[PDB]
Amino acid sequence: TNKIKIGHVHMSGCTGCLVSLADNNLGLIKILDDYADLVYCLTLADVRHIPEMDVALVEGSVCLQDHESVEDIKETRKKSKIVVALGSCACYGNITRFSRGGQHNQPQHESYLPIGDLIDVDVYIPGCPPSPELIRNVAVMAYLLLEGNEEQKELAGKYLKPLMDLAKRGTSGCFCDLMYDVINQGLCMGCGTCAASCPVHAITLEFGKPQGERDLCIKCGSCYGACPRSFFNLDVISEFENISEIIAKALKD
Amino acid sequence: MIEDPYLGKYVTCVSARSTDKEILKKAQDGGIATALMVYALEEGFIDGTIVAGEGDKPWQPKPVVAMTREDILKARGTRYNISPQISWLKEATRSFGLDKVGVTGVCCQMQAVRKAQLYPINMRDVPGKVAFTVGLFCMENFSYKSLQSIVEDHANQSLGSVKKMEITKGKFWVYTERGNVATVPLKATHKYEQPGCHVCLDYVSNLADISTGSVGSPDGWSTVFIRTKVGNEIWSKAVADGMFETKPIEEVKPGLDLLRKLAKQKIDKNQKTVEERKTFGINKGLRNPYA
Amino acid sequence: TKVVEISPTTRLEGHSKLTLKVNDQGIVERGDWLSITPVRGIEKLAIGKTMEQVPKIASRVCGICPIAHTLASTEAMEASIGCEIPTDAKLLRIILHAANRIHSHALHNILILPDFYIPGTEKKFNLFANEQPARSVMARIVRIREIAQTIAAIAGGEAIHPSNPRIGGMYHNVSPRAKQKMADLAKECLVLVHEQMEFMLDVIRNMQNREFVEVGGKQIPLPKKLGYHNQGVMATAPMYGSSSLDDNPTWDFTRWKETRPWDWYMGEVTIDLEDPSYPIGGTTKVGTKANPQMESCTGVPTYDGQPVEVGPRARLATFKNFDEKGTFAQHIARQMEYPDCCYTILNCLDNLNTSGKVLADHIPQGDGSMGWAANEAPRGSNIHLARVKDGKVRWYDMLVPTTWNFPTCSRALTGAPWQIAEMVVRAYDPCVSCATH
Amino acid sequence: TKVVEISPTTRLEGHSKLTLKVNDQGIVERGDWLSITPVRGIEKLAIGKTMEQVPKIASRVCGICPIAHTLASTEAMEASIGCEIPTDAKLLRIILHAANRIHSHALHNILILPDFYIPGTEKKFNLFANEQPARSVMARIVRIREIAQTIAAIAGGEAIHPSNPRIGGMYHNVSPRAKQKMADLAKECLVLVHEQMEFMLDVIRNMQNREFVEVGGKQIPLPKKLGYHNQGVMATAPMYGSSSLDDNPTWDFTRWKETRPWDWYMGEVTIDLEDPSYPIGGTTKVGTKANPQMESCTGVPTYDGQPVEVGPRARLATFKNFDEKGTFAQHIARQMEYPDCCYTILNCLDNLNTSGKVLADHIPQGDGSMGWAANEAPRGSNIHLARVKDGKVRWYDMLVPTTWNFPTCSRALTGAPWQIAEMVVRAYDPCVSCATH
Ligand SMILES: Cc1cc2nc3c(=O)[nH]c(=O)nc-3n(C[C@H](O)[C@H](O)[C@H](O)COP(=O)(O)OP(=O)(O)OC[C@H]3O[C@@H](n4cnc5c(N)ncnc54)[C@H](O)[C@@H]3O)c2cc1C
Ligand code: NFU
Ligand code: NFU
Ligand code: SF4
Ligand code: SF4
Ligand code: SF4
Ligand code: SF4
Ligand SMILES: [Fe+3]
Ligand SMILES: [Fe+3]
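Chains as they are written, first to last, in the deposited numbering: chain G, 18 to 270; chain B, 1 to 291; chain A, 2 to 438; chain A', 2 to 438. A prime marks a further copy of an entry chain.
No wet-lab data here; the hints were simulated from the structure. Even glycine gets a Cβ: it sits at the ideal position worked out from N, Cα and C. You may find that some hints are simply not true.
As the list claims (entries may be wrong) - Calculated Cβ distances over 12 Å to all of chain G for the following chain B residues: (1) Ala112; (2) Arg124; (3) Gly179.
Stated by the list, open to error - Facing chain G, according to a computed beta carbon distance under 10 Å, are these residues of chain A, among others: (4) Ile37; (5) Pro39; (6) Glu44; (7) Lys45; (8) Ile111; (9) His162.
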């Protein structure tokens with residue numbers, strides 16, 4: 018089989034998503050060596066225009082008043098088999114939800130939307146910053162989905178399904194996810210995972226129940242993602258020891 | 001009742017200016033917006049009104065509930081950046097204890113009031129206490145940073161020296177207190193406009209009781225539309241009381257011909273924008289508040 | 002004069018372009034390097050928000066240097082409200098700061114080496130390639146960045162967007178075991194950064210001895226004074242920074258003024274020179290209109306009425322009177338900063354009391370007074386200014402290193418063959434998301 | 002070695018000459034630039050006079066920079082007596098100061114351009130001539146100086162010998178209308194000085210690319226290191242100055258000592274080389290005796306026992322580590338100071354309270370204590386020192402920029418062809434009436 022073709026597309030992002038990918042260290046070099054060709058990434062390489070990609074890792078949101086940005090995100094959908102919203106800005110808007118214009122030297126750059134409001138998104142990788150391990154798992158599994166035996170492609174499709182469901186669920190992320198869709202649904206069981214995942218310490222547990230500092234929350238969508246009562250896909254997660262060994266072998270020298 | 005497709009619904013249109021020489025000293029145009037609110041207060045049609053007062057930075061407006069002739073006059077002259085007039089609409093009926101609220105503002109602010117009157121959403125007591133609205137013509141507005149950039153850079157003027165600003169004859173004009181004049185081609189200002197103005201389908205404040213503006217009238221005069229029964233009662237009385245000089249608009253150049261054409265260009269350009277929102281993405285579009 | 006334009010730039014952070022007037026030989030007469038990154042507008046959206054939230058939003062300006070905005074923003078709040086943080090909080094912030102400088106300088110090694118030559122040869126580094134010596138260099142860089150991110154995560158709570166800093170100090174002190182782990186890693190890192198530093202200095206010295214470089218198959222001459230400018234430099238500390246709480250602050254806000262690009266950038270031009278062979282995808286089509294004054298996305302901060310250079314060379318020039326200028330001098334000064342980072346971490350760990358307090362006992366809420374804080378980010382002086390009143394941000398302003406370097410680097414472009422204008426740019430280690438915020 | 006002498010110098014302020022030993026090629030081996038302006042003796046006549054009178058006499062040392070002596074003298078009195086002036090007095094003094102720097106730098110453009118070339122040509126600027134481009138340049142310079150003098154007159158009371166400064170602050174605050182007028186003029190001036198600055202920098206860059214210049218019909222080679230010296234620089238502020246009232250003064254009087262010309266100048270020589278064709282009137286007749294030690298009219302202030310350079314390059318080198326030296330570097334640094342003047346005026350006007358107090362409520366009469374004040378005059382650090390007792394000046398001393406630059410520029414003459422020794426001199430923007438006082 019061939020290596021799949023992967024691009025990193027940079028919209029209104031901070032490059033922390035790219036840094037997260039790079040923080041797989043020799044893992045990334047192993048993937049680039051054996052499974053994937055980086056065909057486009059302005060930060061790392063000199064390909065100036067968006068080429069065709071099997072997988073586009075798209076970070077950042079879209080500024081509606083920046084013509085080239087709107088064209089880039091449409092061109093990306095047109096050029097890509099699989100579009101991945103990489104990180105919470107691409108998935109959910111994140112800190113650019115708060116953008117409201119008025120700053121030099123483009124006071125009209127006022128409106129930012131997650132990429133899923135402008136194009137169809139196949140896969141979400143939520144997180145701010147996203148976990149290096151997640152970006153790696155998704156790249157490996159995308160390779161298996163495209164180049165593996167049908168036993169692998171079956172595993173890969175089952176692994177990615179909840180990240181594809183997230184992309185179909187919507188383009189909003191907030192502390193309030195845990196109210197709306199977990200506590201208010203009768204699904205919260207007080208494990209406290211949301212509090213560990215929150216990057217800004219906006220979540221405490223009081224008598225076993227989430228308490229959200231909404232004016233600290235930066236709307237990244239991490240806590241609903243990590244909650245074991247958002248998606249819990251038993252067919253994958255109960256096979257954790259096996260899937261771990263499979264991923265590890267794919268990275269071994 | 002004329003029902004014009006670009007100038008909205010109205011009973012008459014005249015060219016007018018206030019007979020109050022104190023008001024005219026600092027009015028942008030004819031002094032219609034100030035004269036109508038002062039008169040409404042002294043006659044008791046209103047007991048207070050929302051006007052764009054002076055704010056904390058030069059040429060930045062601050063909405064305020066004015067309840068005296070003196071406080072109304074402080075709001076004279078056009079501030080070409082955003083003044084959130086409607087933020088005091090409910091409060092005017094609470095701690096201010098008003099029974100008859102006046103509102104001044106531009107076309108979208110007139111729309112906000114009428115929406116509040118028909119669909120009050122946590123706007124208790126507002127439908128029945130709105131007593132009088134005067135709407136300004138408005139082609140587009142700017143953030144304060146936009147206005148600073150235009151005046152300080154493009155016109156090379158200090159904001160603290162500016163006496164009047166005026167968009168007319170294709171140029172953004174700056175008049176200083178010491179007597180100088182600077183202009184900027186409107187083409188240079190386009191990047192700075194507030195983006196939400198680009199879906200606006202209303203030029204001459206279609207939904208106000210009385211609408212007033214500059215285009216169609218010579219300098220020092222205003223083009224005025226009298227639209228609603230409220231608007232007609234107050235205007236008739238005010239004219240009868242000596243408050244205004246008038247001229248039928250069709251005896252005035254350039255008059256309603258130019259005005260109806262500028263209204264048409266605004267609506268057509270912004271209706272196109274509204275249309276392009278629908279297919280803005282790939283197999284996806286942006287929201288249309290008018291849908 | 003003709004006008005050529007490279008858009009986008011590459012092997013730098015974020016989105017910019019070069020709009021260049023060139024003479025009959027293709028040498029830049031006057032070039033503008035400008036941001037075309039959309040303005041997310043952090044300074045305006047900050048108004049009314051809590052002083053606890055604004056630093057964590059400001060962190061998301063940039064994922065390479067989030068330490069710089071987290072600390073400068075927090076310490077601007079602390080300076081405005083008059084909050085003095087505990088010693089052990091300060092030590093942990095310094096460890097976080099030094100660690101991040103290591104990871105950033107090492108990342109920039111990856112971005113610039115493809116322009117550089119294996120010494121004594123005509124082969125350029127291709128770091129993707131699984132061949133020597135590139136692969137052993139990549140292995141070293143990769144371990145350096147891993148160590149640095151790990152230390153950052155332990156002292157700062159997260160390597161990207163650190164969670165441990167808060168108004169008044171830190172959420173957490175570290176365990177005795179974590180303190181030992183940071184020391185063990187810094188010992189390892191110190192040997193590695195000494196090796197990487199010597200390697201990079203050798204590569205740069207070889208560049209300084211070359212007469213030409215190859216771009217798109219053509220020989221491009223290397224000017225002796227590549228990247229020289231006359232703007233001088235600005236720096237507030239060799240390592241950490243300074244704030245208005247200090248007895249003798251090392252930055253002078255009465256010398257600063259910020260203009261729009263207007264005062265310093267070219268107006269409308271039309272591209273009439275195009276090279277479709279420029280690697281990889283060519284330059285802007287002939288006939289395109291450009292207008293740097295209007296397209297530039299940044300403000301232009303000045304010091305004594307002029308743009309200045311910030312960053313590692315600015316720090317070495319200010320604090321040791323380092324006396325080389327231009328592109329290769331900038332590269333040299335950056336590599337020379339590697340060892341201070343590891344010695345500083347080890348000295349800070351030696352003084353850190355893992356039982357010590359990390360949060361001030363009293364956090365005032367502010368009366369509207371102005372305070373400011375400078376952090377010496379990897380790319381240079383990062384100055385945040387704030388007025389906090391009743392725990393809310395009433396006024397906020399950010400003067401970020403690449404913002405300062407944008408007009409200065411533009412001026413340094415004069416004299417360069419337009420095909421290596423991008424090499425002049427990369428010596429500034431640009432972060433265009435930072436510059437724009 | 003032969004000895005040639007140019008007397009008088011031209012296109013500078015006041016009366017000096019160049020007494021030059023040259024090698025067989027006509028290159029200066031050792032040259033002395035010296036004042037031959039009569040000593041009006043301001044420091045000695047000051048003794049016993051009132052502290053109110055002495056600054057107004059000191060103003061009349063020089064009509065180009067009277068602001069510098071008015072302010073340095075007044076603030077030396079204020080420093081000796083311990084008088085703290087009101088904020089709005091200080092703001093008005095800064096506006097006065099910045100305005101005058103504009104007029105002086107622009108006047109110096111008129112003096113130096115006849116040595117410079119219309120870029121890419123062999124024609125030199127003749128600013129008298131009613132032809133382009135000289136006439137449009139003159140029109141811009143003339144409006145710049147007019148604006149500057151006008152602002153100076155409004156804030157300072159008079160453009161030449163300002164009347165508004167007094168012990169304790171100012172005689173007058175300005176009206177709301179005057180404040181608007183100064184802002185309007187500064188807005189206009191800022192655009193103009195940006196244009197003039199870019200014009201001058203282009204002209205200087207062209208000079209740096211020339212191999213020769215024409216003097217008296219002959220080609221004179223242009224050395225690469227024209228005007229280089231090893232004295233280093235001294236500066237007290239990038240804009241205004243410093244005084245002994247400050248918490249941390251930026252000038253150190255224990256490092257200063259003033260000698261007679263004796264220690265630094267040549268003794269008796271005889272001119273044996275004469276060029277009657279030197280434009281326009283030739284050089285000193287063969288056989289003339291000269292003695293710089295005895296004919297020099299100035300004292301020689303030193304810093305750490307050596308002459309130093311002061312002025313715009315000294316300020317940019319001290320405060321931004323500007324790193325170019327010599328004649329064209331001096332010219333560059335001076336033009337770069339244009340915009341700070343206009344931004345400073347506008348910022349000061351923005352902070353000026355036109356109802357605010359301008360005179361200290363109490364003016365002490367002094368007990369004989371020494372105080373000092375430095376003003377960064379357009380030509381460099383102007384330091385006045387005083388002991389005031391019972392309202393009278395008991396001791397007075399003046400270290401004026403061109404006084405400092407006289408021995409330093411002399412040393413910079415080495416290596417120049419004697420026919421462009423005067424170009425080395427003019428980069429110092431000499432004020433010989435200032436240097437002598
Ligand atoms: C953004 C803006 C765009 C405009 N564009 C046009 C145009 O294209 N064509 C045209 O003919 N007229 C336009 N106008 C109206 C015109 O500039 C005058 O405001 C109008 O003629 C009323 O003048 P006057 O003499 O009657 O009022 P004055 O007696 O001078 O009183 C001024 C009135 O204007 C209100 N006002 C001033 N600034 C604002 C503001 N920012 N926001 C809300 N209300 C404000 C005040 O509350 C007060 O009621 C515009 C006005 C604004 C604010
Ligand atoms: N280093 C750095 Fe940032 Ni991504 C920049 N420029 C800033 O503070
Ligand atoms: N500038 C200036 Fe003067 Ni006429 C000199 N030298 C001084 O203070
Ligand atoms: S998701 Fe977070 S780390 Fe990724 S681009 Fe957005 S701010 Fe940066
Ligand atoms: S992670 Fe989910 S189930 Fe666990 S405490 Fe938080 S909301 Fe409740
Ligand atoms: S509460 Fe924390 S994890 Fe959840 S959306 Fe907000 S910032 Fe993200
Ligand atoms: S153009 Fe429309 S939306 Fe914009 S300020 Fe004027 S009336 Fe309001
Ligand atoms: Fe900023
Ligand atoms: Fe003296």
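Quick rundown of the hints versus the structure:
1. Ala112: holds, 19 Å
2. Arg124: holds, 26 Å
3. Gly179: holds, 30 Å
4. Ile37: holds, 7 Å
5. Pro39: holds, 4 Å
6. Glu44: holds, 6 Å
7. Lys45: holds, 4 Å
8. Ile111: Cβ of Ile111 (chain A) sits 7 Å from chain G, so the hint holds.
9. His162: holds, 6 Å
Every hint from the earlier list agrees with this structure, and none is contradicted.
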